[PDB]
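Only one chain is included here, represented as structure tokens and corresponding to the form deposited without this ligand.
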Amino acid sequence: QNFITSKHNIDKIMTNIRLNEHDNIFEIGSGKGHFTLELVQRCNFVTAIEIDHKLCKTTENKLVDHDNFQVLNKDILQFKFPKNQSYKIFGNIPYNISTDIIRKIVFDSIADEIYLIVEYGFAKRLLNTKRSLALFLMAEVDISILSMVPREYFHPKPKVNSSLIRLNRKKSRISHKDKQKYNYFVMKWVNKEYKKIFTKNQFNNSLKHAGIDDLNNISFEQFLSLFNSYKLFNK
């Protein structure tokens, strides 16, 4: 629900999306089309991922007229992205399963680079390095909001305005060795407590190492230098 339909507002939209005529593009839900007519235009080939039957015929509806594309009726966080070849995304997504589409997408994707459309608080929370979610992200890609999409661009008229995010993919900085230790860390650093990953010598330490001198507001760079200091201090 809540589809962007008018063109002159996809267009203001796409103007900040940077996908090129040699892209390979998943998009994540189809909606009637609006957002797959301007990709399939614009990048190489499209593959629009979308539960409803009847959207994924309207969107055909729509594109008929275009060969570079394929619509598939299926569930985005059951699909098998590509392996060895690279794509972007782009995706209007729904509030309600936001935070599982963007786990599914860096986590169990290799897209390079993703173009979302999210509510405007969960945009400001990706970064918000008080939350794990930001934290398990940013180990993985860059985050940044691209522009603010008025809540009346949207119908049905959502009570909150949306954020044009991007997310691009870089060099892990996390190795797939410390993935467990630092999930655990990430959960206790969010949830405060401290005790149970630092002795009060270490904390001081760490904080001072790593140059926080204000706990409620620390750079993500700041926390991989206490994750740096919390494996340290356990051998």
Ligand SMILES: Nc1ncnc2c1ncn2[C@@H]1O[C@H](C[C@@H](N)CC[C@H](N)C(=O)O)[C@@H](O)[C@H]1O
Second form
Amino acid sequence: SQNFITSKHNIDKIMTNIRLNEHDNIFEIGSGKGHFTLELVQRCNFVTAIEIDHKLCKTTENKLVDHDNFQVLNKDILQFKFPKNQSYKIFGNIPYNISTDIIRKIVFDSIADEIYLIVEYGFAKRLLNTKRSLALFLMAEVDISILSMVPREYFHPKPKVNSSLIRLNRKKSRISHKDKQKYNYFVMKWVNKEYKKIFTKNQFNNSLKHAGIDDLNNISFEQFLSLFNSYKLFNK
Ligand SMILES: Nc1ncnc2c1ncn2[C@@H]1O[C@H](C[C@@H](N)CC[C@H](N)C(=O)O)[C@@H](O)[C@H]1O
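Which structure goes with the form solved in complex with this ligand, now that we have seen the form deposited without this ligand?
Below is the whole assembly, all chains and molecules, this chain first.
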């Protein structure tokens, strides 16, 4: 059930959009046959490949024979403990079934200042959709941008849908550690339209007009923050 991108011609097309340089240390999520890995090692300063499947760790190693700036840890990305005092970036052509868990792991339990992932086209659209809780929790920590479309033919087994190469850039968190829970509760209550649990009937009108929200079915992350902030004001 794991797919791969093994056409160099295609890999180069995708590297074209990935701006990683010679001095960055990179953590790749799932080396697979080592195709993207082979390019990263040449492209970057050092690559720590994290592959769960042990046979693939081997293949990754055979692939990277004429190279030294890498290591292949046979671990589970979800259980990995990233450095807490180093500057590193992340890349990964990750599986659909655990996209949410991986992205959450690397954005909340890692300090990579720049993350490059390939995910399903739809799932990418969702990461930017202010109507879903994931996008909202994520936008407090990173800026999300879709760089290009990865045709399903580039993959094998050929999936039923296309994919997108996306980029997550770290930013000074917009949500203080103090507001950790308030923001969480508020995000969940708002996405579920359970407005009354977070705003009285008037607090809600003022908050929307204050944030300048005309279409309540289409709001910017910046507007949403306004809402959250008003929310804080109203409750001590
Ligand atoms: N939980 C996990 N932790 C670490 N690696 C995983 C996990 N789940 C899947 N993988 C690996 O991640 C890879 C997913 C592939 N789509 C990418 C392989 C390869 N980089 C390629 O795109 O050509 C496979 O090699 C899986 O074995």
